[PDB]
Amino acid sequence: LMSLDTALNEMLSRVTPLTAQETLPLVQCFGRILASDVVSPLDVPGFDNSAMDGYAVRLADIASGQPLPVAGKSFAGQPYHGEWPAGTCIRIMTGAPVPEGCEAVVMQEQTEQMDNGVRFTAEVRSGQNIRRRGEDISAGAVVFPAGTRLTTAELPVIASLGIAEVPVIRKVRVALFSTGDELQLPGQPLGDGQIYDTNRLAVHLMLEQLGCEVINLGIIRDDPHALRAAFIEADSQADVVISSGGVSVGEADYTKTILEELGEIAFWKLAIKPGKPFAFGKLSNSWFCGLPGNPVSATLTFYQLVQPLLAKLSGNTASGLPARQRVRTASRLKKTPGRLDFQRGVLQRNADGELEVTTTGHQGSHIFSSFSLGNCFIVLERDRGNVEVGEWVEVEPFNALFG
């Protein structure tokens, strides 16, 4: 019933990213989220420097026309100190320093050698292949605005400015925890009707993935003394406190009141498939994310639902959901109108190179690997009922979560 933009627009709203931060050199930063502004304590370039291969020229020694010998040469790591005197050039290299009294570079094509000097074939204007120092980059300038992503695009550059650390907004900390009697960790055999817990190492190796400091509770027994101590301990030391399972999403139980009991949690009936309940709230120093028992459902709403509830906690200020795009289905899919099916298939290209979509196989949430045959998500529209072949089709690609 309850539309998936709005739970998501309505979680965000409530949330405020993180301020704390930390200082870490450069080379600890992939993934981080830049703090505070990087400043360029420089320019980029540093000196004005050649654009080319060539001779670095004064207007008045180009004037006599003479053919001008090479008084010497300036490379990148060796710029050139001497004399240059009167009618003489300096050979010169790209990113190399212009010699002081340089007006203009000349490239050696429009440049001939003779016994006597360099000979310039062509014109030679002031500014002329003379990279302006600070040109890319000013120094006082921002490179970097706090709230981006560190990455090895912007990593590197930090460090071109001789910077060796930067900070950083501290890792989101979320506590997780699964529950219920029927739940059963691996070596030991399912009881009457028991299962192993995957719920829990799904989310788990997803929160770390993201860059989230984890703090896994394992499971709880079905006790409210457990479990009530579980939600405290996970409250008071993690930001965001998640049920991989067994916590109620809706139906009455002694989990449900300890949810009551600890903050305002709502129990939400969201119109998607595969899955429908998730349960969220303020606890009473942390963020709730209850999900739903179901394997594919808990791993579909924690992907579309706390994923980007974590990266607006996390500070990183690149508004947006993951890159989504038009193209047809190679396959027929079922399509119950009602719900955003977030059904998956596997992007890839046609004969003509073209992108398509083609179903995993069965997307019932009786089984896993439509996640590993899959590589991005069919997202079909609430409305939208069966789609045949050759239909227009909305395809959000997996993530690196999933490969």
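Superpose the two forms; the largest set of C-alphas matching within 1.5 Å is the rigid core. Positions refer to the first chain, counted from 1. What changes on going to the form deposited in another entry:
- With the core held fixed, the Cα of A96 is displaced between the two forms by 2 Å or more.
- In a rigid-core overlay of the protein, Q128 has its C-alpha displaced by at least 2 Å between the two forms.
Counterpart to the form deposited in one PDB entry, namely the form deposited in another entry:
Here you get just the chain by itself.
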């Protein structure tokens, strides 16, 4: 019944971005959120310089319509600090500081030389080919705003300004655990109607990849006290606590009563597929997210619900989810109205070089293979029914969490 958009907004609207911070050397800043604006301490370039290599001139002598002889020259880091006779021009090479009083620079290709004077050609519009100091970055200016996720794109720029460290928001801390007597650890023998715990591993990997500090409390035994203990501990050192499975997401049982006892938890029924149930609310000092037991369902719910909440909490101003794009289906897709279906597909280039999607196969949640075989989500609109080969469809490519 409830819609993804609704739950998402309801979730993000209640959360307050972290503000605690620490200062680290650039090399340790990948994926981190800048705590404050980065203001440039210097100008870049620090002085007016040549856009092309050619000739530095004064709009005056260009009226002579006669050859201008090179009085001097200015290169890389060897400016021309000398007298500039009238009617003459300076030989200059890109990045080189324009000469005192230079009104324009001309690319030699736009000026046939001579063995006695430089003949110009196309009029020389003022300021042509002159990069003015602070044109790129002017001292005092804001280079990168707070809330920016530092990447290979920004850190080297910050280093170019001479800064060795920057304040970043502390990593988000997340407590993780599962519960259920039927859950067994890898390496351990499978009991009667037992199964190996897999959701927890899934959530742990994603959290780490998302840059969070993970606190894995393991499998909690089916006991009212063990569970309460687990929650008290999780809430005490994490901003968010996640149940990868076992704790109630609606159904009645002791886990449900412990949840209601320890916080304000809502039990939503999202109109999505796979999945539907999701637990969300506030514990004493953390946010709680409860995932359904089904592997496909938990992964999907975490990826579309928890991920965005972690992005906001982190201080990051960009919506930490990939963008969608319209593409054509090359597979008939089975879809039932009433739920927003996040099917898995395979985005690929066709013969004509265009992008099309193929289903990964069976979309049932009884298997996990679709995540490996696919590379995207074919997000089918809630109201839509079956889709025929050739129809337009929305696609959301997987991010680094899946390859």
